[PDB]
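**Student:** Residues per chain, in single letters:
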Amino acid sequence: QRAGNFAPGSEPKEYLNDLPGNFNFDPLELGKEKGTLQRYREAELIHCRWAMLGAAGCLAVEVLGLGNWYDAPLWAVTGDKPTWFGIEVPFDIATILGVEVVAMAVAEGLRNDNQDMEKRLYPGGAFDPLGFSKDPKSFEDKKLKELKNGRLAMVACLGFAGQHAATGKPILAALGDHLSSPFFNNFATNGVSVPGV
Amino acid sequence: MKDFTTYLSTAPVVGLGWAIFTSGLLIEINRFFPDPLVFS
Amino acid sequence: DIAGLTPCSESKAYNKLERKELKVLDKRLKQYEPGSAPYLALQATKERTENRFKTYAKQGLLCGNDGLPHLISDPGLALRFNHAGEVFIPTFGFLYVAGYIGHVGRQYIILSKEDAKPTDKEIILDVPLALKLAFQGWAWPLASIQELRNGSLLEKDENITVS
Amino acid sequence: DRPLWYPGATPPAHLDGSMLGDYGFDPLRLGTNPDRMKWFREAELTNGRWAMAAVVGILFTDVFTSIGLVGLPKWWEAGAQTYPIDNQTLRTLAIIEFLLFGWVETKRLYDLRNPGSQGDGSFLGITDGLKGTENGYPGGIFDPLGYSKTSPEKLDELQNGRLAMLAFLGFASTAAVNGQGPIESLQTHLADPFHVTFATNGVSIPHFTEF
Amino acid sequence: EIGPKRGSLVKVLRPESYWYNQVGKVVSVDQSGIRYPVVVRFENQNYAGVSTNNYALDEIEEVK
Amino acid sequence: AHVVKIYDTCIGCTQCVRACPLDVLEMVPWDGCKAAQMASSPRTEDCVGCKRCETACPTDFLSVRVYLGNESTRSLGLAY
Ligand code: CHL
Ligand code: CLA
Ligand code: CLA
Ligand code: CLA
Ligand SMILES: CC(/C=C/C=C(C)/C=C/[C@@]12O[C@]1(C)C[C@@H](O)CC2(C)C)=C\C=C\C=C(C)\C=C\C=C(C)\C=C\[C@@]12O[C@]1(C)C[C@@H](O)CC2(C)C
Ligand code: SF4
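Residue numbers (our numbering), protein chains in the order written: chain A, 1 to 197; chain B, 1 to 40; chain C, 1 to 163; chain D, 1 to 211; chain E, 1 to 64; chain F, 1 to 80.
FYI, nobody ran anything at the bench for these hints, they're computed from the structure.
Hints may be right or wrong, so weigh each one.
Said to hold, decoys possible - Straight-line Cα separation of at most 27 Å, BS3-like style, residue types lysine-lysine; simulated pairs:
| no. | chain 1 | residue 1 | chain 2 | residue 2 |
| --- | --- | --- | --- | --- |
| 1 | A | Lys32 | C | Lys156 |
| 2 | E | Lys25 | C | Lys121 |
| 3 | A | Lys13 | D | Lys74 |
| 4 | E | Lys5 | C | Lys54 |
| 5 | E | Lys25 | C | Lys156 |
| 6 | C | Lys113 | C | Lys58 |
| 7 | B | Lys2 | C | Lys132 |
| 8 | E | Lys11 | F | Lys34 |
| 9 | D | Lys154 | A | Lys13 |
| 10 | F | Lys34 | E | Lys5 |
| 11 | C | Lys113 | B | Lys2 |
| 12 | B | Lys2 | C | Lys58 |
| 13 | E | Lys11 | C | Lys54 |
| 14 | B | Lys2 | C | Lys117 |
| 15 | E | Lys25 | C | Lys58 |
| 16 | C | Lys54 | E | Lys64 |
| 17 | E | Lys11 | C | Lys58 |
| 18 | E | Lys11 | C | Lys23 |
| 19 | C | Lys132 | D | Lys38 |
| 20 | E | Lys25 | C | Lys46 |
| 21 | D | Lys107 | A | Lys148 |
| 22 | A | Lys119 | A | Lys13 |
| 23 | C | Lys121 | E | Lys5 |
| 24 | C | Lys54 | E | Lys25 |
| 25 | C | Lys117 | E | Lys11 |
| 26 | F | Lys51 | E | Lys25 |
| 27 | C | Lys30 | E | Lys5 |
To be verified - To give an idea of the chain C side of the interface with chain B (calculated C-beta under 8 Å), a few residues:
| no. | residue |
| --- | --- |
| 28 | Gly85 |
| 29 | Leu125 |
| 30 | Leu129 |
From the three backbone atoms N, C-alpha and C, an ideal C-beta is built for every residue, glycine too.
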């Protein structure tokens, strides 16, 4: 089931013998032990799934012309109300922090109490109403798509952060500088990304 | 002469020749090139 | 500049220290005659002193409020502000020499221990062998990583312990 | 084994075996262990092959410069001539140089570790051409002229390559004490040999004897 | 024969000994039921100046 | 009032017995060694703690140990 090799000709790693998304990657032998791998495989899918939603968010704000992902929480210091598609949601800052904690604590706690190692990664029933998981072939194939797309969101959400710190420009504007003048507008010409430029 | 060369191969005699080399080298490198501190 | 230090060229105390150290010799030079050897000795010391001060200024050194040159150690600030020759570069000039002494002594120890009576070879050295190794050590970093990557550098639990 | 760098009585220990450009020149005995001798051999090639293609830009062009056909600059100041140009490509060149070489060189680094190790579906469809006959001498890169049985035209590759490695060391040293280009240094040794040398004018030795 | 061969090198395993995890020549072995029969000789001296000591069968093992 | 204990590694050299000035140590037959001898420490009341006995034992580690302890007139070597 090996999707490929990150380094063709590299030595096979037996700890990743048959899993979804195997590329024989691990060079630091993290995951040598069998029990820790089940935890990492759980952490990867959840660090994935949170990134994919958060990534489409930052694009959704800028694509639809609403504003920046960075300036979204700035209403608190100014005092104005937040908005969602300019609807003027009324809740206050202390109300968000209270509902978020109690809601997610109920959710995360129920997840940890599963004690079914396969369903801790890939639940069923209510979390998939339409029933794509019934077909084992497409299920096995769609798992590679969940993981390949997810690793793009994670590495790239980091890019939204790193791009912002060196240059305060937003996402789509920072891209336009590459397309307008690629060789001049790069991370090397930031003056902060590389010491000594 | 075989025993004389062997005496010259003892520890202190060889150390004397080493000391004259390292010391004379450093001194003459300070006789010429006086007062180095920064290396160009 | 950096760390609130002035260059030695622009400093006043640096030139004050030069005018002082020359005044001592000029007073000492008045006693003797022009063409005598004590006169030639002091004039040379005067020539060296004038050369010491201008060369340290030319080298972009940094002098403090006391007027004496200061050295900088971080390679980042050294390379950024052009002060690398002070500390950063001599660090590699030493380690090349120090490892030379280790790679040489380590080889003489190993090779004499492969023969009979190695104790005599320490007090009565094999000078032909010692000179051979001493002129073969110009490339000791190559041999070290060769010996590390191979695994014949370190011993493996064949050493004495105490408990 | 080809002739000896000393004609007389300098017995080598491990170079009697077959290898290219073997003249028995290893005083420091850095090629004792065969595994790293295999590594230094490839280093002599990448330095040899790279140095030669570099020396032409200094040599083939400066000959045309001294004759007067072209007005190109000298290698000691060609770098400061590019970036002040209006249509220029400011220093994203150091990093792109590393991002591009990092892709190729690690493909060469993993070949010496696992020879002929390029998987079937790793590259798009050219996985077969990338396999090499030997380390340092691949197949599909040269289009003609590698089907002879007496393959040691390689000796030309080394004797020409070792020579160029001396050139750039001489270009860099000549261009640090003479202050002029390499060819300008040649026209002087021909016009006044005894006066323009490394001893008297080129300050490589402290010679101050005015009497 | 009860023990190691004459002239054979062996490695020591007494934790108390100056020669622990070190190698020495077997000088002799006694086959009369003695507790510490194996006589061993080392080149390096101990702190006192003695270069021999009688070791046991279990306390010695093959070289390296 | 010192303590003297001899261990299983004795080989019957008798060098411990010859060295002790105060006659604390004597040789007794035994079946463990080639020499068929072993030391003993019957009269430690006269021991003084010179540790000349330990100095003479040629073993890898000592077959004889003097564990110092409570003092006395005989142990302190007091003529008075
Ligand atoms: C998930 C992490 C991941 C990591 C860390 C690596 C790391 C590596 N891979 Mg992969 N790989 C990874 C995933 C994967 N690789 C491959 C397939 C391969 C192959 C086939 C090869 C590598 C190789 C390499 C090496 C590349 C070094 C290099 O040049 O980098 C420097 C950085 C870069 C190259 C990125 C540059 C950015 C760039 C792509 C921009 C693109 C836009 C254009 C430039 C626009 C055009 C402009 C024009 C004008 C120039 C390195 C050891 C090579 C190697 O050494 O193999 C032994 C190799 O041959 N990888 C697959 C598919 C199965 C992967 C799937 O996840
Ligand atoms: C190997 C090729 C080579 C060649 C052909 C030259 C040629 C020359 N060098 Mg040069 N040089 C070289 C390498 C070379 N160099 C290297 C590697 C260094 C660094 C150590 C130098 C450092 C240097 C300095 C510092 C100076 C020269 C100068 C000169 C010129 C005058 C001769 C001289 O001073 O004696 C050359 C002195 C040497 C110490 C190098 C000679 C030793 C080489 C390795 C022997 C090679 C054998 C043989 C010549 C090969 C034939 C090749 C030929 C058929 C193409 C002359 C054009 C002088 C100048 O100003 O030019 C006008 C000068 O001041 N060179
Ligand atoms: C935190 C996120 C995270 C986690 C937990 C995992 C976990 C896993 N990945 Mg994975 N991966 C991720 C992100 C993550 N990945 C991202 C973003 C990419 C795209 C670059 C990949 C690409 C990838 C491939 C291609 C493969 C894996 C594989 C694996 C599995 C085996 C290796 C292992 O045990 O690593 C354990 C790793 C950790 C616990 C993370 C520790 C990180 C430390 C603290 C360092 C973090 C700082 C780091 C040095 C710098 C990162 C920033 C950088 C931009 C400068 C394991 C399930 C292999 C496999 O078989 O999967 C089935 C495999 O072939 N991953
Ligand atoms: C003439 C008087 C005289 C003096 C002053 C000495 C002094 C010394 N002898 Mg000695 N010796 C003498 C006569 C003398 N000997 C005679 C007549 C003989 C019979 C041939 C010997 C035979 C002899 C032997 C066989 C040995 C000495 C050693 C030594 C040194 C002791 C080791 C030490 O501390 O360094 C410890 C050193 C290190 C831990 C590391 C090495 C670094 C050293 C110090 C550098 C070299 C020092 C150099 C010799 C000093 C110059 C000589 C000095 C007296 C002016 C000491 C320097 C021993 C030795 O190794 O000498 C170096 C040694 O093995 N001697
Ligand atoms: C995790 C991550 C990268 C992980 C990669 C790792 C660990 C690499 C590991 C390896 O290299 C090694 C070390 C060693 C090898 O042996 C193993 C591997 C595996 C090969 C990136 C970021 C991944 C990003 C994650 C997980 C979270 C994303 C969510 C975001 C950014 C949401 C933000 C917002 O909600 C707010 C806050 C603010 C609003 O304005 C906007 C919105 C969008 C609403
Ligand atoms: S000195 Fe030790 S080894 Fe010797 S006879 Fe006495 S007890 Fe035994």
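**Student:** Can you confirm whether the C-alpha distance between A/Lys119 and A/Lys13 stays at or below 27 Å?
**Tutor:** At roughly 25 Å apart (the allowed maximum being 27 Å), A/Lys13 and A/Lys119 satisfy the hint.
**Student:** For the pair supplied as a hint, C/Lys117 and E/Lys11, is the alpha-carbon distance within the 27 Å limit?
**Tutor:** holds, 21 Å
**Student:** Does D/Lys107 pair with A/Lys148 here, judged by a C-alpha cut-off of 27 Å?
**Tutor:** holds, 24 Å
**Student:** Within a Cα-Cα threshold of 27 Å, do E/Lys11 and F/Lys34 meet the stated pairing?
**Tutor:** Given that 27 Å is the threshold and the Cα spacing comes to 23 Å, the pair holds.
**Student:** Does E/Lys25 pair with C/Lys58 here, judged by a C-alpha cut-off of 27 Å?
**Tutor:** Given pair E/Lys25, C/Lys58 is violated - Cα atoms ~68 Å apart, limit 27 Å.
**Student:** If you draw a straight line from the CA of E/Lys25 to the CA of C/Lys121, is it 27 Å or shorter?
**Tutor:** holds, 23 Å
**Student:** Within 27 Å, alpha carbon to alpha carbon, are F/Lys34 and E/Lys5?
**Tutor:** Judged against 27 Å, a Cα distance of about 19 Å means the pair holds.
**Student:** Has the given pair, B/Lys2 with C/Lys58, been kept, meaning a C-alpha gap of at most 27 Å?
**Tutor:** violated, 57 Å
**Student:** Please work out if C/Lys30 and E/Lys5 have their alpha carbons no farther apart than 27 Å.
**Tutor:** violated, 91 Å
**Student:** Would you check whether C/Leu125 satisfies its interface hint, that is, whether its CB is within less than 8 Å of any CB in chain B?
**Tutor:** holds, 5 Å
**Student:** Within 27 Å, alpha carbon to alpha carbon, are E/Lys11 and C/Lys23?
**Tutor:** violated, 75 Å
**Student:** Does E/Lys25 lie within 27 Å of C/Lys54 when you go C-alpha to C-alpha?
**Tutor:** violated, 70 Å
The structure fails to meet hints 3, 4, 6, 9, 12, 13, 15, 16, 17, 18, 20, 23, 24, 26, 27, 30 from the earlier list, while all remaining hints are met.
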